[PDB]
Amino acid sequence: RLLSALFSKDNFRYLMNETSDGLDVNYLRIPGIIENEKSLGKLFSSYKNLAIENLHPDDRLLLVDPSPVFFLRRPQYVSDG
Amino acid sequence: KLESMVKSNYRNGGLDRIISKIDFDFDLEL
Amino acid sequence: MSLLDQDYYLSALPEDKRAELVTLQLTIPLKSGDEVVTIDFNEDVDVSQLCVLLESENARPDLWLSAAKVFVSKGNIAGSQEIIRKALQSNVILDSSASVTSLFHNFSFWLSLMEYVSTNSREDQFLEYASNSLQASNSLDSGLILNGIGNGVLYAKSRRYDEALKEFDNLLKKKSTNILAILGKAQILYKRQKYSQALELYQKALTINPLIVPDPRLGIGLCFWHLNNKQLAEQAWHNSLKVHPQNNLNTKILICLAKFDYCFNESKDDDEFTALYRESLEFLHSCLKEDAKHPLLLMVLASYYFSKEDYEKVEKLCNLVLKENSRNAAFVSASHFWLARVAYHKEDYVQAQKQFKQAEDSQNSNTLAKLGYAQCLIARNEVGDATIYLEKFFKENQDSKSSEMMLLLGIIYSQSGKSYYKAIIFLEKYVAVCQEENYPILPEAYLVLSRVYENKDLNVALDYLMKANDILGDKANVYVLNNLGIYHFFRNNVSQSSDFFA
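Respectively, the protein sequence lines represent chains H, L and V. Going left to right, the first sequence walks through residues 48 to 113, 123 to 137 as the UniProt record's numbering numbers them. One rule links them: number in the UniProt record's numbering = place in the second sequence (from 1) + 484. To convert, note that position 322 of the third sequence is 322 in the UniProt record's numbering; the numbers rise steadily by one, no gaps.
To be clear, the hints were calculated from the coordinates, so they are not data collected in a lab. We put the CB at the ideal spot given by N, CA and C, even for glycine. Take these hints with a grain of salt, some might be off.
What the hints assert, rightly or not - With beta-carbon atoms standing in for the labels, derived distance ranges:
1. V/394 x H/88: 55 to 63 Å
2. H/108 x V/94: 50 to 58 Å
3. L/506 x V/494: 36 to 44 Å
4. V/193 x H/95: 30 to 38 Å
Given these sequences and hints, build the entire structure.
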């Protein structure tokens, strides 16, 4: 039972190494990146219209740092007047 | 009281006995 | 709120990226002129007839490579290779520039990579074929960034991480919008155990493209697992399943493992533990109805069947996993560990110790195998060998939080006697780890600490004995009460000593 408790503590930590099959990247997997020779650039410029706002709120919640404040302005050079 | 409630048989070592009380049928090839 | 699915990011994108990108019908103009032919890929498309028709009509190479991509989606790797080879034999590519031939060579490189991924065998041969195709593509057209991406992936497979990182640095200098470069860089950093940097790269890839294959959310869940925020990992994995409900059983496997971890470490009562464990078993069985030969699922089920005293079926599954997945050393180590655990009931101490040694040699990260090896050394009455092995393991792994190892070291040092200070240190560390893990502290450690402190500090020994008595409650024995009475007698606490003696 001591080894059973040790197994419960460790669980399946070192068995996640094989589960890295999703890390592999292949060009042919994406359906629309290949339909034209320049479809890669078309898809790369298709998401520039989208931003963080267009993301789903639950996926926005997944972006956790490992809100703007009114008194931090962005610098200018010509000003106004 | 959650600290004392969580202390039970599986933490004490009766985990194998607890799993033995759980019966389920699988579609094993072997 | 808005539903989180593939249709959400479809509706976010324009209809050009909705309908055109997922067309299963290919339009092929004929050599006679304005005549075209539409072939639906839902039906059983023959590779040879389609290639002959495309060669006869001399269609644009985009149609050939699109048909190759669809046959890749169909799994027809040999058919896609035939398409690429006959495309190289077609008149259009021969009369085109070297850029088209380089693109088709890179497609053949990706075909070799996909065959290697789908088979996990013949790595050297497919790697050499892919390297030759990529070298031909680079010689014909060195200006294509896809050749650099392929070079980086080739270096990553051959564990040439530095050169691949240099290639991805060059690609980032060229443009920062390359999603594949970010994914490859994050894969390399994860391989180099740089989890946080890969986590920022995964977040950047997710923000740039939520519909990119491979799924970044798998890596985000892995990083959350490394940062203990497994709840967000499970949430992201559920979102991934919503986006990718097909051919993504690995996400279900990770969800099942996370559920098992939550059941092990969070169940507040026996009934809740039983309910969660049965729910995890039912979910695992439901995942098994799609794939019944996945070795990791058999390895996970082996633990449950070992707990069910079904050692024979555990042996059968372990031998099957060893026969199939002998390439993966982790499965060999796990199977050897389970065989040693089975033989422990049979008390085959030599055989179990040998199996533990083989498990250690297969995968050094299996701490449980080494602890079982030490237990088998204790079983064969090899006290000195077990002590030397435990000291070696502790000095090599001073940062490891193996509480039971430190408890065993404290007990062994108390038996030795001369190493009492090391016993005090290890038992205090065991107590601290158990308190941080909210696990029931064994009173035997307190008894050993009191015995050691008898010659050093009677106050600390009495305090530890009182803590042990409070932990035991009604399980107090005659020896504990007698030692408490003697402690109070030496403390001149006549009343308390008399009560303890009574």
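**Study point:** Cβ separation of residue 193 of chain V and residue 95 of chain H, checked against the hinted range 30 to 38 Å
**Key:** Between residue 193 of chain V and residue 95 of chain H, where Cβ atoms are some 33 Å apart, the hint holds.
Exercise for review: Could you see if the CB distance from residue 506 of chain L to residue 494 of chain V stays within 36 to 44 Å?
Suggested key: Roughly 54 Å apart at Cβ, these two residues miss the hinted range, so it is violated.
Review point. Per the hint of 55 to 63 Å, is the separation of the Cβ atoms of residue 394 of chain V and residue 88 of chain H within bounds?
Key: holds, 56 Å
Check your understanding: Is 50 to 58 Å a correct range for the gap between the Cβ atoms of residue 108 of chain H and residue 94 of chain V?
Key -> holds, 53 Å
Violated hint: 3 only; the structure is consistent with all others.
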